[PDB]
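Consider the single chain below, provided in structure tokens and representing the form deposited without 1,2,4-trimethylbenzene.
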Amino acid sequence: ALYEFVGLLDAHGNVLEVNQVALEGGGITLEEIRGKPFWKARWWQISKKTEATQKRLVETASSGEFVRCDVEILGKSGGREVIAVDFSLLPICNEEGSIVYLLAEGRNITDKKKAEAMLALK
């Protein structure tokens, strides 16, 4: 559905723009994180594993690969509280096909109706 959180990154994952709702959820101001890697921002700082995971998702998108996965973030009450989020990274190319930005999107799934994945039988 239309995102709840959204951010624009350059192709190295550095933060360019972030909507107010995401900044309020993480307890972060844009000026504090702008120009620096997205994985360093507080949303991704539950642990060294969550940080590393997000750096890896940014590397995958920076390569042209679309990312979608459920993740946990410090994303509620000014960075105090963990929420689960459906998270996506869209590589944005220019007319020649070179990746120039990344779009980070998320929606809070903490109250979303419990859903079943499609699992292979084999």
Given for the second form:
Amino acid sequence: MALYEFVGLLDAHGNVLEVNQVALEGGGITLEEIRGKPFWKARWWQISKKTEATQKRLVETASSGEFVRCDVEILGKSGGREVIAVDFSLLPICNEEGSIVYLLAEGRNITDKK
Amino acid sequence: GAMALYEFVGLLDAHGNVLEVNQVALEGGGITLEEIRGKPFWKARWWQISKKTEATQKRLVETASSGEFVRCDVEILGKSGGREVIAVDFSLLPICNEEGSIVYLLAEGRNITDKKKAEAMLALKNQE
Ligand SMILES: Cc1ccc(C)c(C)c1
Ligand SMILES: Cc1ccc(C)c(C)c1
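Would you mind giving the form deposited with 1,2,4-trimethylbenzene bound, to go alongside the form deposited without 1,2,4-trimethylbenzene above?
Once more the chain from above appears, this time first in line as the rest of the complex follows.
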């Protein structure tokens, strides 16, 4: 399976901790703008109030241990100018005790097709 | 619940090749992501104190790759652009995908040099 295009590390509550350069560039965001704040508040997810609410719901789902995978549109190309379709996933990351300590957000472009 | 925040963090693929590293870890070791991306974590400057520390990180990454959680105190080249040694509480967390395969490893590091040094002053004050 091809490596992600977009990756982000969130805490268990969905706060942004780390994001790769490709995601930062494509949404036109700096890590300092979004670090420590909820992921769904970042520009990728801001097409509308509903895309933000959708993302908030997927994060909360991951926080409680459910793996998420779905197709979503984000402001994710040319510095936040262009919408792309992304195959999106959230992986809860657990410690040995089984506690969710981080979430891993991954994204892979699917716009070229179709 | 809560946990002390990492200071160093990195994402490796299942075989320990470097995918992502935060700015604090890169500047502590004096390296750029581009120097180490796509190559084994154990080759990165942090682990280059000797052939041994290198060899050791390699085995830990292989352990984590098979699904075992790793955690140990170790000294790395992690301050003044990779020139000075610091003690770190080090962990490697295997990350499984929905399908159950290990897809990544998350390397974390908290600097514990201050805590070791205090421990040692106080053990001294204990005899005196
Ligand atoms: C960090 C990150 C991961 C995954 C996605 C879709 C985005 C937009 C950002
Ligand atoms: C990313 C990273 C680099 C170096 C170290 C020691 C740790 C713990 C994490």
